[PDB]
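Below you will find one chain, with nothing else, as structure tokens; this is the form solved without the partner chain, and questions on how it binds or moves follow later.
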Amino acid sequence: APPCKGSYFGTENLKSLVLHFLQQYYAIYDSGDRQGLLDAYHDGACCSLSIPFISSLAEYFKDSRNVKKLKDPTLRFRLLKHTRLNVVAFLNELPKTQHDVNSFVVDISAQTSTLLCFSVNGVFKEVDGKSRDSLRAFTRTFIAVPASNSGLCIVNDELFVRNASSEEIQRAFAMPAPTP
């Protein structure tokens, strides 16, 4: 039984590359206007959202895509946002957020001269709406290609949103006085 470990970057250069990308991405994502992400997504990018099948996640329900449960090809097709315009327009409709970027657990699982796949695990708080202050947990998988600068250009983005567990909430909100 291999011990579970934190973020896996493979190399220091990739760690710097991906963490920088994430800092810049979420600075825009949590800003109140996500249009700046248009520069982060490929013209033909894909984005889809999924949530648990099994504090409500009602605002994420309409766009949730679970192909194991939804069988209709047409509905499956429409639920997959395609082109940076539709991807970012959709993202800007989702609840405003505040992600704990520095606590992200990141796994870079694939890499070639044209591809980089990494998944981000963490939490984010909703800043307004009916679920104001709720803490959500998420796992987001990105596939990006090299960007004409030294950055990344996202071609695939799958976001899985769920409620944070009791243990996750306790850990995320704790701030006990220091003790020996």
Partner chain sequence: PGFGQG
Second form
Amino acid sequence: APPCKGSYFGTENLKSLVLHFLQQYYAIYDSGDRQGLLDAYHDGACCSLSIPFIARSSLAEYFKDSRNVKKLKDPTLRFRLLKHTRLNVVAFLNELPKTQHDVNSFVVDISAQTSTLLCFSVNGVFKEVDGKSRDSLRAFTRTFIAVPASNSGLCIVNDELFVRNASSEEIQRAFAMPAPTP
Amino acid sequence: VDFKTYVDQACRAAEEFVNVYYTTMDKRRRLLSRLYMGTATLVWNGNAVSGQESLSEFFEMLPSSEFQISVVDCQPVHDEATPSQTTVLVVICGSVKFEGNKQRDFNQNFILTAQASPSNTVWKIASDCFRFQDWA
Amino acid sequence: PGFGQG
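Alright, leaving the form solved without the partner chain aside, put up the form deposited with the partner chain bound.
In what comes next, the whole complex appears, and the chain from above leads the way.
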């Protein structure tokens, strides 16, 4: 059984590329207004959110736009839960709880790559900075697939975000700040 | 061509493929490697396994598995990404117990590519990614 | 296959 490793980038070139993208992306994401993301998404980009189907803070805020094809069967309801076009994509994102991610603790896997495609997954944690779940720690995996951007950047054409509650194991770790010992 | 129709086909193929994928994974492991393309790759918990052959090998070395899929979402990949190629993005979430290790939750995503033929279009994984929520 | 080049 291969030994579980962290982030996988393949080339330092894509590492710096992707990591840079995430810095800019989440700088805007946690800013208070995610509108600046309209430049990160393609005109006909897609976005959808999913949460665990299964007493920590509530995810009721994500339940409304939760897309689970395994559980939800109606083709028309399936279709509506999928945000299409950057306008709808970003309009939706701006409705989500304000956030503050731990970008530098992100574990990234670049799984696919061609001259026009770059698929990669992001795993990490983020605090909700307000609302009824303020100070709560969420965990998430987000998959983007990008096409080359006119500026050596990335244009996200596909974005699937999975939001969950950090497990007691993760929380313990994230918040630990013990005195140094030999 | 209608966008809604690509969404419905994505749901259909994801719905369908997934069910096969885990049944094959759990009960016919020796077959799971044919649901992949020859050039396909897989990023298993930060580990990169290369090619249809290494994938076949990789699944054999893994322990008897037992999956339970609770979450599935999918989307039709934009054509600027896969020019002239019909692909679907599928993200899965469930649990899994491997022989000799506690049961844990996982997240996995892969891109399915449509191969046209006589009878029916067939979907194969072109790129795969799997990571334990607690690999830590 | 470089991301972007073609």
